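Okay, here's what each chain looks like letter by letter:
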Amino acid sequence: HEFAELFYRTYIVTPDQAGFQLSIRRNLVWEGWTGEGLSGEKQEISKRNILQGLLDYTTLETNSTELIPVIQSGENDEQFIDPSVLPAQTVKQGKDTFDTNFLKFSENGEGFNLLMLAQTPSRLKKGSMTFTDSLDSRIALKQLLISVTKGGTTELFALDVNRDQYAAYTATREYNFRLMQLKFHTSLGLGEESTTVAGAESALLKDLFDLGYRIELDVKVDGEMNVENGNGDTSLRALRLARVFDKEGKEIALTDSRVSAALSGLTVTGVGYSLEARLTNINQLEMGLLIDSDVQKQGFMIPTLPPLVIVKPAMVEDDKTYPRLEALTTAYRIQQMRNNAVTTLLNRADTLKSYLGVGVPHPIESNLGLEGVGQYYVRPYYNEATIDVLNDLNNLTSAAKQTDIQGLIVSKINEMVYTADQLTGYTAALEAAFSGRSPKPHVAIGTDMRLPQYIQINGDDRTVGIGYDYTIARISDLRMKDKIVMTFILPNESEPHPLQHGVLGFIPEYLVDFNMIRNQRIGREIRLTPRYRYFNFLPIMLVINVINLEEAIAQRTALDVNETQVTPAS
Amino acid sequence: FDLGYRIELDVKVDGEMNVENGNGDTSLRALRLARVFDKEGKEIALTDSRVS
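Heads up: the protein sequence lines correspond to chains D and L, in order.
Quick note on the UniProt record's numbering: the first sequence kicks off at 193 and runs consecutively.
Quick note on the UniProt record's numbering: the second sequence kicks off at 401 and runs consecutively.
Bear in mind the hints are in silico, worked out from the structure with no lab data behind them.
Do not take every clue at face value.
Pair by pair, the computed Cβ-Cβ distance ranges are [claimed, not checked]:
id, chain 1, residue 1, chain 2, residue 2, range
1, D, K673, L, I407, 33 to 39 Å
2, L, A445, D, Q757, 47 to 53 Å
3, L, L446, D, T721, 31 to 37 Å
4, L, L446, D, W225, 23 to 29 Å
5, D, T619, L, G441, 17 to 23 Å
6, D, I739, L, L446, 38 to 44 Å
7, D, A395, L, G441, 55 to 61 Å
8, L, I407, D, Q357, 30 to 36 Å
9, D, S215, L, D414, 19 to 25 Å
Capping the alpha-carbon separation at 20 Å, the derived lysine to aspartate or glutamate pairs in EDC-like fashion look like this [as the list claims (entries may be wrong)]:
id, chain 1, residue 1, chain 2, residue 2
10, D, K239, L, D410
11, L, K439, D, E576
12, L, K442, D, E223
13, L, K439, D, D248
14, D, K284, D, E478
15, D, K375, D, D328
16, D, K318, D, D248
17, L, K412, D, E236
18, L, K412, D, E563
19, D, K412, D, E563
20, D, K545, L, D438
21, D, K318, D, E258
22, D, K545, L, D402
23, D, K239, L, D438
24, L, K442, D, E253
25, D, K545, L, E408
26, D, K673, D, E576
For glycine and all other residues, C-beta sits at the position ideal for the given N, C-alpha and C.
Make the full structure from the sequences, and use the hints.
In structure tokens form, the structure reads like this:
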């Protein structure tokens, strides 16, 4: 009895209606369109839920105002580094796809215009932008390119020079108040596992690096920039081999035999650099992110089911040949609540197994083949595992075997439940759909008459974990042979909701009594034609197969000890 | 399948049927393979070498 109520809670329907509708309101963020309404610009453009962003980082990130140098061959190739040392780089900015590159160090007496290099196709397409455009209040170096060369072989190193406490432009005391100046004095060091823009460790310094040494390069770069106009320039001033340090972090001479031997043949030069500049749009020029909402209609309605037809003789009333109507009622209860519940639960299990696979979650709103409106909140996830009590048991006393096996099973249940909570983030969804409070998720257990005397521990009580609410359900089913089924239920209220597992449609059905002749045989009839159905909402449910319990309790098991080869084998 | 991919078919089926005489019709309008998902719910282009 309690099994169906726990897994498919009852919803009553007056025989006036056929069902109820579920109108769900969600919020979207997206980019680019036409007009003010409708979805997309010319064809369909995708959206995703914002609550999915609580678990990710790339779906709510914004980059639509930064100034990135953009190539136009034959118009601005002069200031870009020669594309024979490092090829062009494809970056993504807003909606435009284009190639960028590091800017050349301005040799003595030459300048560049920064706002002439910022024309992404969107800014060009959208007309001539605001002329009162001013550069960002903070300007700093992003990357610096150095080229260590040994016998004509070039290896490139892209060092993250950003955030270093001198790589930020500072206001000057001098000339116009818009001349935004920069002076960068420090020594940058290359460690032993230091990455390469071409990947892995460079072969040029491998012999030195293995010997346990790190090198510091003194960087000497100066430049200036107007924070309003765009004309500017910056030149490297020096790069030299300054110091070498050992694994112990002590100063070792550059004249030492080993160090000088390893440093022979090295030449270091500066090639280019990158500038992190942003537009300070006093006037609006960006369509950025959006906030939009749409409603989805789902149709739920309740069928009828074949009549459990009862025939009795007429012209007499009896006690044996006329069984009680109580037999009718009990048969109806059995049909309603036992066969169908288990068969539909098993169908859902196999359906989720086919649609989602084992241990493989999917993003929110990724498919509609699964059923229920629960898809709109939780990540589609199904998981299962097996426990072999014979081989997964190590007990040191024959008196503590049963407590040990209950501990094993409880630990397995705990682990899988917490893993599902991690991978699905159901708590966040329950917080969102239920504002003002955080009812802790409940855990429902579906089991036959065996494990209730193993799942329940008569010692330590952690059957589903600390700080959970749980209900254990026992059924006399045989298809539930040594199965346990786990999923989450809401024990509050009695109305359909995308988070509750499932609701059974139920329209009350009343009998008819009448004298009926059919092919000239005359008798009395009793009829019940039920109207009910099982529906599934929440796409989260876990099952465990338990096996070999009785062999495990019948045979002794003693330890899995790993003999470690002091007897020669290694 | 072994690579770890499931296919999805987009389908639009329309039909009408009468609950008074039992007359009705149904016909298929759209049926084609459109999308191939990865081990995630992230779209995989049909132009990549393996799937293509």
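Structure-based check of each hint:
1. D:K673 with L:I407: 33 to 39 Å: holds, 35 Å
2. L:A445 with D:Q757: 47 to 53 Å: holds, 51 Å
3. L:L446 with D:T721: 31 to 37 Å: The hinted range 31 to 37 Å is violated for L446 of chain L and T721 of chain D, with Cβ atoms some 50 Å apart.
4. L:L446 with D:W225: 23 to 29 Å: Holds: the Cβ-Cβ distance is about 26 Å, inside 23 to 29 Å.
5. D:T619 with L:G441: 17 to 23 Å: holds, 21 Å
6. D:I739 with L:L446: 38 to 44 Å: holds, 43 Å
7. D:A395 with L:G441: 55 to 61 Å: With a Cβ separation near 42 Å, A395 of chain D and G441 of chain L fall outside 55 to 61 Å, so the hint is violated.
8. L:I407 with D:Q357: 30 to 36 Å: violated, 54 Å
9. D:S215 with L:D414: 19 to 25 Å: holds, 24 Å
10. D:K239 with L:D410: holds, 19 Å
11. L:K439 with D:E576: holds, 18 Å
12. L:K442 with D:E223: holds, 18 Å
13. L:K439 with D:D248: holds, 17 Å
14. D:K284 with D:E478: This hinted pair holds, its Cα atoms lying about 16 Å apart.
15. D:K375 with D:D328: holds, 18 Å
16. D:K318 with D:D248: Given pair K318 of chain D, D248 of chain D is violated - Cα atoms ~32 Å apart, limit 20 Å.
17. L:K412 with D:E236: holds, 17 Å
18. L:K412 with D:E563: holds, 18 Å
19. D:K412 with D:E563: Given pair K412 of chain D, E563 of chain D is violated - Cα atoms ~65 Å apart, limit 20 Å.
20. D:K545 with L:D438: Distance of about 17 Å is within 20 Å: holds.
21. D:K318 with D:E258: Between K318 of chain D and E258 of chain D the Cα gap is close to 17 Å, so the pair holds against 20 Å.
22. D:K545 with L:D402: Roughly 16 Å separates the two Cα atoms, so the pair holds.
23. D:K239 with L:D438: holds, 19 Å
24. L:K442 with D:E253: holds, 18 Å
25. D:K545 with L:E408: Holds, at roughly 17 Å.
26. D:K673 with D:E576: Status holds; Cα separation ~16 Å.
Against the hints set out earlier in the document, violations occur for numbers 3, 7, 8, 16 and 19.
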